[PDB]
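What follows is each chain in one-letter form.
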Amino acid sequence: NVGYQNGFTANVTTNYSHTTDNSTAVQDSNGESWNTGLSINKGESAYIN
Amino acid sequence: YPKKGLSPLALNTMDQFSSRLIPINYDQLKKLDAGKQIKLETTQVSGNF
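Line by line, the protein sequences give chains B and G. Note that the first sequence covers residues 342 to 390 in the authors' numbering. Note that the second sequence covers residues 439 to 487 in the authors' numbering.
Don't read these hints as lab results, they were simulated from the structure. What you were told as hints is all true, and nothing was included just to trick you.
If you want a taste of the chain B side facing chain G, the calculated C-beta under 10 Å gives, among others:
| hint | residue |
| --- | --- |
| 1 | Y345 |
| 2 | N347 |
| 3 | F349 |
Beta carbons are placed, not taken as given, at the ideal position from N, Cα and C, and that holds for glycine.
With these hints in hand, go ahead and build the complete structure from the sequences.
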């Protein structure tokens, strides 16, 4: 950066950094389910008397 | 003050002691781009004898 403050000013900054990280997690689950269903056969589909 | 054969001075050199430069907007720039010209004009000097 450059600028004016009681005359000319300039500054040049460099930078570097190194970070590390580690973590855990635990996840449960639970559930239920239902189902219904039919079937039919066209041709021989009903008996009589 | 720089005698005949020497190099001229400068204005608003950027140092410890300085001053902000003189700005122009667009219409005065076009007025300078026309046939008008810039006047240097001295108010009052201060000297010795």
